[PDB]
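Next up: a single chain in structure tokens, the form deposited in one PDB entry.
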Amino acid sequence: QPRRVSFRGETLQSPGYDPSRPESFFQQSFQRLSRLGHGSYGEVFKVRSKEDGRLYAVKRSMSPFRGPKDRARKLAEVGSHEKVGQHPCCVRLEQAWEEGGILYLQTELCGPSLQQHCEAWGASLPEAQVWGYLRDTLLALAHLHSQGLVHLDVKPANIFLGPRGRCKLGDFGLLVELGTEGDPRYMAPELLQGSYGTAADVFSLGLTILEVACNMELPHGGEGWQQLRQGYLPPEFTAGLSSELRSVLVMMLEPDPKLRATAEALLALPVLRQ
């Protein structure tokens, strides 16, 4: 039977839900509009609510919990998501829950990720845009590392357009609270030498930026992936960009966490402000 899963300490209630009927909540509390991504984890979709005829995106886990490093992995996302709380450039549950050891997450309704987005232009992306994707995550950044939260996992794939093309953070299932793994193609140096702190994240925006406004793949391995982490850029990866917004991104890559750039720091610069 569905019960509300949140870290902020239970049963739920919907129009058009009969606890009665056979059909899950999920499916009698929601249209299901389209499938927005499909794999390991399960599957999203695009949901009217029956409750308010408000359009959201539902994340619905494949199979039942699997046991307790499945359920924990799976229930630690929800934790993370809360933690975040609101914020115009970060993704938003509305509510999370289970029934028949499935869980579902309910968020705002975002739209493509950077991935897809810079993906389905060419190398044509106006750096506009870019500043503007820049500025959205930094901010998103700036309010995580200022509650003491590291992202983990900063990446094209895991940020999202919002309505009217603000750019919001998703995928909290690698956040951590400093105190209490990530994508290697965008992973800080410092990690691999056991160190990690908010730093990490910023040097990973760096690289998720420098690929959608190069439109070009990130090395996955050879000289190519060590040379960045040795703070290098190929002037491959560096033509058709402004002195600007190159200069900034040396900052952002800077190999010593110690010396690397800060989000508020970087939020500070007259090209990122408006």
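Each form is matched to the other, and the largest set of C-alpha atoms that superpose within 1.5 Å is called the rigid core. Numbering follows the first chain given and starts at 1. First, how it differs from the form deposited in another entry.
In the overlay on the core between these two forms, a shift of 2 Å or more in CA position is seen for a single residue of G101, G165, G148, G85, which is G165.
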The other form holds:
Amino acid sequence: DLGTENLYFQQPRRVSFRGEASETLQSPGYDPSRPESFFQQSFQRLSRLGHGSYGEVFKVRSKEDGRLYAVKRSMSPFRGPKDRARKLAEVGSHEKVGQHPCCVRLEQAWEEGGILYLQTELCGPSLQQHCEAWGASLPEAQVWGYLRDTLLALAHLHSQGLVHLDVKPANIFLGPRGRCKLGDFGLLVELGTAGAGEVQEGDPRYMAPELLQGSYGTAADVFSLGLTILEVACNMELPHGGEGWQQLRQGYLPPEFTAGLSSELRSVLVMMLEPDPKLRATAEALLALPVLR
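Can you give me the structure for the form deposited in another entry, which would complement the form deposited in one PDB entry we have just seen?
Here you get just the chain by itself.
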């Protein structure tokens, strides 16, 4: 596709599949004739929230409004048109999701020097970070709300034919008094549009079993959330592979870690962890249960 096109082998510009009034960037503190990047000139860099092969996430203060944000910056200039398209897809997916109280809000995005910058609202800690700070299983009173909020997010995605494909503790973010937002939309696919195939794999700890056979559907996210909540509620490390990975995808809940679950929460997780995606409860069906209203 892009690989056989004459797009190979070739000044900040706004990135947006919903063109706003001009794609030239401006800000207090920014002069395009100075050599520093828009990101360097237009933000106070406060701390690094994360890093990896993808690049880095920074906590920043905007010079435009003085508010705090999270900016993700890719590691190196685009390898080529397919690499560029893959990274820009995160912006498109954020815009497909749009405004929802339980989804992370995208403020703006731009490219400069082959680097993609994604500016979102700054959220509270991820569930992974919150569990690390707690040092123990999270109380079920909290967990029920995290489950409900993230199911509301998934119901929103799934109603638009979108599959997140990488739901995990590290991209569900706390908020005000115990509300959660789902973020990290880099692997999200629009069913029927991706024609893929070329779909990347999420974290193997939370991967739905049917994805091994290439059966992609909204049900995959319900399974991933099931194991996300299992991990959070039981302080249980999940296997990347091996026999334990298989057991969790055969309807098995290890007694060593899960005996402390209430029957109510266990029963909901059993619905979400159904190995057969055709029998697995939907986000909307789970939200209709009295326990989750």
